[PDB]
Amino acid sequence: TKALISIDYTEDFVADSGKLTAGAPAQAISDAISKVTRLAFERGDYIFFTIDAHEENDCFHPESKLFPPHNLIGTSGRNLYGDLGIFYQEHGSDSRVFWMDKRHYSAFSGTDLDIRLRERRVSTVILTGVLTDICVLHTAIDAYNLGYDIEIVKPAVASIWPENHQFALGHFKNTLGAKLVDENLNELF
Amino acid sequence: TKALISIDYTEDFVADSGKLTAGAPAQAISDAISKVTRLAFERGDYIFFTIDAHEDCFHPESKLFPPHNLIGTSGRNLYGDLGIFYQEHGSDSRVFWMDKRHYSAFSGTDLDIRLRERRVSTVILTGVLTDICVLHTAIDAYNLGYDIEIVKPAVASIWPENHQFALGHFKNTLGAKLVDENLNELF
Amino acid sequence: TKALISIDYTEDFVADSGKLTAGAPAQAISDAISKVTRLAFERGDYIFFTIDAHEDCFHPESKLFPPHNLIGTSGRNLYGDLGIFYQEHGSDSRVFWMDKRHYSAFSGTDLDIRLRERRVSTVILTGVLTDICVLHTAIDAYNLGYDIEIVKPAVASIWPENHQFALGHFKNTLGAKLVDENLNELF
Amino acid sequence: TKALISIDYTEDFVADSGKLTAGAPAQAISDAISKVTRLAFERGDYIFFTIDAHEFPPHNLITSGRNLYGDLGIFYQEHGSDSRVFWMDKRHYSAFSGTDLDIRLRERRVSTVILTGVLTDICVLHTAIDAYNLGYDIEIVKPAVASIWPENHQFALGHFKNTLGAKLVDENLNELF
Ligand SMILES: [Zn+2]
Ligand SMILES: [Zn+2]
Ligand SMILES: [Zn+2]
Ligand SMILES: [Zn+2]
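Protein chains in written order, with the authors' numbering: chain B, 2 to 190; chain A, 2 to 56, 59 to 190; chain D, 2 to 56, 59 to 190; chain C, 2 to 56, 68 to 74, 76 to 190.
A couple of the hints might just be wrong.
As the list claims (entries may be wrong) - Subject to a maximum C-alpha distance of 25 Å in a straight line, what follows is the list of computed SDA-like cross-link-like pairs (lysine to any residue): (1) B/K180 to C/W162; (2) B/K66 to B/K180; (3) A/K3 to D/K180; (4) B/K155 to C/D46; (5) D/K180 to B/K36; (6) D/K155 to A/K3.
What the hints assert, rightly or not - Selected chain A positions facing chain D (in silico; Cβ < 7 Å): (7) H62; (8) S65; (9) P69; (10) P70; (11) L73; (12) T112; (13) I116; (14) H139; (15) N146; (16) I151; (17) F168.
Bear in mind the hints are in silico, worked out from the structure with no lab data behind them. Here a beta-carbon is modelled for each residue, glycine too, at the ideal position from N, C-alpha and C.
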């Protein structure tokens with residue numbers, strides 16, 4: 002079957018007061034991302050929450066010299082934003098729903114995502130979350146190299162910069178040969 | 002720099018009433034494994050506890068082995084003075100706890116990433132079982148280009164003949180260095 | 002449809018005048034290995050010849068083994084009817100030749116990618132040596148989530164003790180299916 | 002030490018008459034790409050030519078579309094057989110995917126890769142992202158990378174610097190500010 006990957010939709014990346022917030026454009030996808038996730042779950046798909054995980058003063062982390070402290074373990078910054086957070090409280094204990102700490106941008110890097118997907122004979126990944134040109138993009142490239150078919154939920158990905166969101170969407174379609182879908186998981190043309 | 006990998010030295014694998022215990026041969030290495038780990042830590046080495054983690060019906064081990072090392076259960080606790088060591092130094096930045104689901108410590112973990120961050124060129128392997136989790140970890144380290152040290156008195160298997168195969172494989176095929184509890188090369 | 006992996010069955014590993022010969026036990030599987038390969042090809046399976054290739060100061064085997072399987076030599080040619088099979092059907096789209104530098108057929112190759120392109124879920128392993136290149140390949144396949152079949156009469160080791168450790172490992176640890184030269188499960 | 006990666010700078014990618022041609026902007030980096038590659042080689046760096054191999069319209073078939082463009086082809090004629098110079102066939106955009114690039118770099122204990130070639134937002138980007146995930150320091154030779162569209166070239170350069178923490182350098186391997 003299929004797997005939906007929910008990438009970094011947390012307080013720190015989304016909320017107005019978030020430590021490394023993408024701001025309004027990330028907040029704007031809240032309805033669509035929660036909708037498509039509940040739909041995927043209802044359709045029997047596996048759901049993988051792949052969430053940035055930082056410790057305070059990790060001098061070996063490549064991001065430590067680029068970005069201010071964010072998504073710290075045990076803080077409110079790692080909480081899922083909007084109805085997605087309600088969904089996790091309701092269905093997080095379900096065997097088809099996973100929470101996965103990550104340290105790189107890509108959901109595959111240093112995680113057991115690929116292993117879990119192959120156990121389940123998953124051939125298609127559906128990507129949602131933030132940021133379109135960073136974590137979503139890295140995850141998409143890693144999925145491409147690992148031979149997965151790729152679906153991108155257009156109204157359920159967001160970037161801080163609209164120009165970067167556009168580059169990423171074009172890259173998904175023209176380079177990765179991915180399928181762009183809406184919040185109802187129907188193909189867009 | 003160097004990293005010591007502590008593989009699956011839990012109650013469920015070592016203790017008498019353990020759900021998938023290796024028994025006496027595993028218990029026999031308790032003194033040596035805690036000594037070598039405390040020494041590695043004192044030498045400024047990074048310490049990685051890589052521990053079997055179970056919940059799931061898609062696991063390959065479900066059709067082979069009985070339930071063991073379940074998340075949250077006391078079966079996942081570290082055996083002997085090694086458990087005491089983790090209580091003391093677990094909070095230190097050089098010591099890590101790492102859940103794994105395959106035999107190899109590298110498979111589906113961020114072990115390689117963490118080692119590369121620290122520019123580690125040599126891994127020091129300890130734990131159980133010599134011919135399973137230790138062997139799988141050693142082969143993955145070999146393919147990832149790490150130099151390998153095996154602490155002979157701090158690895159154990161259920162079957163002595165399998166322990167012997169594994170030791171010979173490490174030396175002759177992987178070009179690993181066999182060392183003692185004092186981290187001195189064995190000849 | 003499945004994939005058969007043919008590991009290192011060359012002159013230098015097998016032939017009496019080979020640079021690193023396994024001797025009689027490797028020569029003994031010559032009939033079974035070419036029969037099972039032809040059977041796999043006939044039923045539509047993909048065939049992957051994964052062959053050791055030496056040219059290099061930074062190679063890990065340089066300090067452990069004498070020069071063998073050198074590029075452009077007769078030593079890299081497939082032994083027996085297996086060499087005849089590649090002469091006949093090497094140009095077929097389902098038959099592949101890939102050079103490897105580690106023991107495992109997966110390490111630094113595009114084997115996983117090629118298998119995933121074809122939606123292969125099961126690999127069938129043949130060749131030499133059972134406790135080295137075959138074992139490393141099997142462990143990599145296991146970690147990559149493949150079902151594994153081992154053709155018992157078409158794998159060989161230098162020592163019978165090592166051959167038996169490896170077979171046991173495949174069956175008891177990896178959950179692999181042991182099959183005969185007709186690709187039927189052995190009991 | 003360091004390794005320079007030379008990505009897909011062939012006739013099909015660069016030349017006027019080649020398939021899937023990038024045209025003028027790709028031709029424009031010819032002087033810089035050969036200059037920086039020679040400098041890296043003279044410094045003792047390892048040189049990896051990672052070249053797409055085929056068997068999008070048909071391009072880079074295993076044919077004349079795989080010869081290295083310009084003075085870089087002359088460099089390879091002079092030093093291609095040196096133990097520090099490699100020719101690597103690839104089937105994905107990334108130079109790491111399905112190759113032994115990571116293995117060869119680890120054997121030599123390389124900590125830093127220097128990326129050159131085409132296209133900045135495709136093969137170069139995919140290679141850089143893989144290098145990041147494999148824990149390498151990254152250098153991008155700005156005047157020795159190119160793409161078809163300037164906006165794509167600028168996105169990729171911004172991504173390297175701001176997201177991956179790459180060092181942007183010039184043709185003399187000096188950091189740019
Ligand atoms: Zn972060
Ligand atoms: Zn287990
Ligand atoms: Zn060899
Ligand atoms: Zn191409």
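Checked hints:
no.: 1; hint: B/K180 to C/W162; in the structure: holds (23 Å)
no.: 2; hint: B/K66 to B/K180; in the structure: violated (35 Å)
no.: 3; hint: A/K3 to D/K180; in the structure: violated (39 Å)
no.: 4; hint: B/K155 to C/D46; in the structure: violated (43 Å)
no.: 5; hint: D/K180 to B/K36; in the structure: violated (44 Å)
no.: 6; hint: D/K155 to A/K3; in the structure: violated (40 Å)
no.: 7; hint: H62; in the structure: violated (11 Å)
no.: 8; hint: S65; in the structure: violated (10 Å)
no.: 9; hint: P69; in the structure: violated (14 Å)
no.: 10; hint: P70; in the structure: violated (17 Å)
no.: 11; hint: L73; in the structure: violated (20 Å)
no.: 12; hint: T112; in the structure: violated (11 Å)
no.: 13; hint: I116; in the structure: violated (16 Å)
no.: 14; hint: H139; in the structure: holds (6 Å)
no.: 15; hint: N146; in the structure: holds (5 Å)
no.: 16; hint: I151; in the structure: violated (11 Å)
no.: 17; hint: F168; in the structure: holds (5 Å)
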